[PDB]
Structure formats: structure tokens, C-alpha cells
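Build the full structure now, drawing on both the sequences and the hints.
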Amino acid sequence: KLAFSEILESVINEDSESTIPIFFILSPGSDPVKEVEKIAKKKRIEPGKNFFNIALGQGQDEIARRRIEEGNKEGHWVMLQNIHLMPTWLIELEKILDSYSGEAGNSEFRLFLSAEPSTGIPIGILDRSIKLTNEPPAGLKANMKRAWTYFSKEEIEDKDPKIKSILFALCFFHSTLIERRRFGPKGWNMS
Amino acid sequence: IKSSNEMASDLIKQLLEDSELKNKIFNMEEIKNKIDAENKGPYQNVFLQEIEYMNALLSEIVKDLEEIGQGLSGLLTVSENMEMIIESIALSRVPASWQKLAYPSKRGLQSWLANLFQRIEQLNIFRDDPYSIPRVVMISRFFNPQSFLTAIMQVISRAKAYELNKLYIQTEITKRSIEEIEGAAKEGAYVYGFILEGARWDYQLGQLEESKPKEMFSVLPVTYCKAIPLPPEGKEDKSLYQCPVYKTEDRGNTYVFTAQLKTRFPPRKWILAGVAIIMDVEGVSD
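Protein chains in written order, with the authors' numbering: chain W, 3962 to 4065, 4068 to 4154; chain P, 4303 to 4588.
It should be emphasised that the hints constitute simulated quantities derived from the structure, not laboratory data.
Careful: at least some of the hints might be erroneous.
Listed below are the simulated BS3-like cross-link pairs for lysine-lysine, each with C-alpha atoms no more than 30 Å apart in a straight line [as the list claims (entries may be wrong)]: (1) P:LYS4304 / W:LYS4149; (2) P:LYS4365 / W:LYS4149; (3) P:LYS4528 / W:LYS4149; (4) P:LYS4516 / P:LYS4468; (5) P:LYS4304 / P:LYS4336; (6) W:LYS4125 / W:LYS4104; (7) P:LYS4540 / W:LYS4149; (8) W:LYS4108 / P:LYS4571.
Next up, the structure:
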């Protein structure tokens, strides 16, 4: 009954005060950043200046380090994403969060961090965190619906009746390959 | 008060030492001497290769079982891989060391052992009168079933004066059961143990048809695996459907060979329905 936006609203508000970073384990075809920005705007008035949706890439690791350091003492929450991309910096990040647990340092601070489910994520970060999977609804219909949704309304409307018909059949073909996987041998034979 | 892992092994040890495994071990020299080596056909060579692979498996399971049996009852250092065989035996998984030897089929340990004795029992009817081949071979129960299909083409390359290369194997599905006596008629070896998943072979019509709602696997009747020359050009036949056979239910890199079986429906229907033959399903009688 709680969908996902209401779940994330509830679990951010009721728990995850500080020292408990909010983890997002994501599957291909999922965006955590849009949902957290909506929930962020209802609780506190955030123009995306107070709170930062920092994307982790090589070189910007030092900016994230300054942002998380600035966040604690100020009391504004820092959204990190694609955490998995730097396995070196996570052993460094674990060491920072350990320092801030004893320090404890404005209240109403948070650390949202989103990774792809992979081996070589540090144990310490996953353990302390509140973990939350937003898995997209599996099914032929739900997978054919996502195939259209993907293509920009403006692009396909313009295209002539012949080409949009053959696109519809191709979306179904793309859907029926993903939905076959589900059956083991009798289905594909290979993932 | 449930039986411990190390007791559950001692039980299976006693069931396998109450069965004459160390006797079931083949003696290469005795069987080779029974063969003249002048009239030695292809079949003879394939079996002799199979009993060697089997004799190498059957030695390995007896050795690893008498070693863990010795290590359980008697004083002996307990090896890391031996505890892994005990653990796997409690779960009723086939051990990793045993699985690596012989066939890749996925069965429970008690089923695996019962199947292994039917493998042995296919070779114990070879040992006695090797020159006379069993009328209906059981392609299901070999190590390389692929090596037996080369053998049947070899026999036809002796009879007919043309190249072994140019032969492919053709599979005629017969209305007869294992009752039939006419043993290895010219051009083919009769075969049993093919199990069609994804569709249903009708017996009376003699054609691939749609699967019965609840019945998941339709066991094929005796298959007169002919050898015959390839077509001159790249040809496509609507009547026949080119279903791949696989050693196991898994069907992943266990492709043996493509068979050809009659269909009144379009073949495209069946490739989409994932229709395939399989050797081992755990739907094999007795």
C-alpha cells in the first residue's frame, strides 16, 4: 500500500537521524535521486543549495570529502550516488564516518549514498547504513510499458505511422527477450 | 535426535560396501584379451573408452569413500576435502570431486548412485559377448554420447565406399518399444533414453504435437539413429524440426547433436516453444 515515495518518506523521518547513512541498492532502470529530492522538498525547504546531490567521479572525491565535512557542522544532508565507482575512496569514507560517530556535529544532518550491488564494497559502510532496494515492477506489460516510456514523446509523435508501428513491435520483442530469461533452461539457455 | 552428518555418510558408506563396488571395478586386460583386435569394430573401441572413464570414476568414489570411512571409524588426520565430501553427503548433494569425473547430470546423491549402477549395468552386458552389440543402445547412459554417434557413422563408412566426413546422423523415431528383437539393422543403431521437453511426441501419428497441460516431459520411443550423406546444398525442410539434444536439464554447453523429428506445425512454433531432447530428467522408468 506504501508504493515507494511514502516508504522512503517514512524511513527518513522515523529513523536515520545522523551517524546512520541512508543506502540505495539500485537495479538497472532505477533513479534514487528524483524520489529523495521530492521527499527532501516536503520536510525541509531545499533549492538544491542547502543539500547537495554530489555524483561520485574520479577527481570529485576531494569535493565530496569537503561537502560531507561541511555537512556535519552546518546541518544539511549530502546525497552521494554511484558509490561503487571508487573502491579505494570507500575505505577512506569508512574512516571519516567512524570519526563523526564519537563527535556526534549538528543534528538534522544525513548522508544518502547509492551504489550498484557489487563485491568490493566495504562491510563497515553497508553495516551502519539503513539499506533500501527500489526494484522496478517485473512483468511483460510493466516491461513493454517501460520500453515506450523510455522514448521521448516528442520524438515518436513526429515519426510517421509506418515507423511507430514497427517500433511498437520492437519494444515487445525487447520485452519478450527480458521476460524469457525468467524460465531457466526451457527459456534462454544463457543469461 | 537427528542422525549427524558423519553418521549419514557411514550409512551411505555401508550401502556402497554392501554393494560390490570394488568388484564392479572393471579389469581392462581381461576384456581386451576377449577381443581379437583384428575384427575389432568402432563400437568396441567407444565402449572400451567408456569403461576406462567409468573404471577411473568408480576407483575415485571407492578410494574417497574407504578413505573417509577409515578417517571416521579409525584414527587418521581428517583432510579439508574429506570434510567437504562428508558435508555434501549430509545435504544429499553429489560431491565436487565425484561430479568432475564422468557425466555432468544434476541428480540427488541417492538418484546419482542408482543411475551410476544402470551405467555400470549397460557395460556389464558389454563385457559378456563384446562382438555382439546390444540391439537397442541406451545413449542416455554414456560419458561421451557424442563419441558413440561418430562410431555409428564409422560402421557405415566401412560398408559404403565414401568419406566419413560427408555423413551426418539422421534420427528416425520408431513406433516399436524395447520389445522388438531385430538388432542393429543395416545403416543405423536403434537407440533409447531420449526425453523431449517443451512439446509432446504423439505415438500413433508419429509427429511432434503440443504438450499435455500437466505432463511436462514426453519420453521418446526407440530412435533408429541412421547415418546418411549430407544434402548437396544448404536446404530447409518444413516437415522436420531441428531440435538440439543436451546431456542434462540445464542445457548449457551440454549440446551433443541436432536431431530431426516430424512436425505438421511450422518449425518456428517449436524453436519459440524451446523444444529440445534431453538424456537425464529423473523421468526414466524403474
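Status of each hint after checking the structure:
Restraint check for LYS4304 (chain P) and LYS4149 (chain W): not satisfied, since their Cα atoms lie roughly 38 Å apart, outside the 30 Å limit. A hinted pair counts as satisfied when its Cα atoms are at most 30 Å apart, and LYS4365 (chain P) with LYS4149 (chain W) does not qualify at roughly 38 Å. A C-alpha spacing of about 28 Å is found between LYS4528 (chain P) and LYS4149 (chain W), which places the hinted pair at or below 30 Å, so the restraint holds. For a cut-off of 30 Å, the pair hint linking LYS4516 (chain P) to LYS4468 (chain P) is broken: about 42 Å separates their Cα positions.
About 51 Å separates the Cα atoms of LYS4304 (chain P) and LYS4336 (chain P), which puts this hinted pair outside 30 Å; it is violated. Taken as a hint, the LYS4125 (chain W) and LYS4104 (chain W) pair is honoured in the structure, with Cα atoms around 23 Å apart against an allowance of 30 Å. Taking the CA atoms of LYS4540 (chain P) and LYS4149 (chain W), the gap is about 22 Å. The hint holds against a cut of 30 Å. The suggested pairing of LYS4108 (chain W) with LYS4571 (chain P) holds, with an alpha-carbon distance near 26 Å, which does not exceed 30 Å.
Hint compliance for this structure: hints 1, 2, 4 and 5 are not met, and every other hint is.
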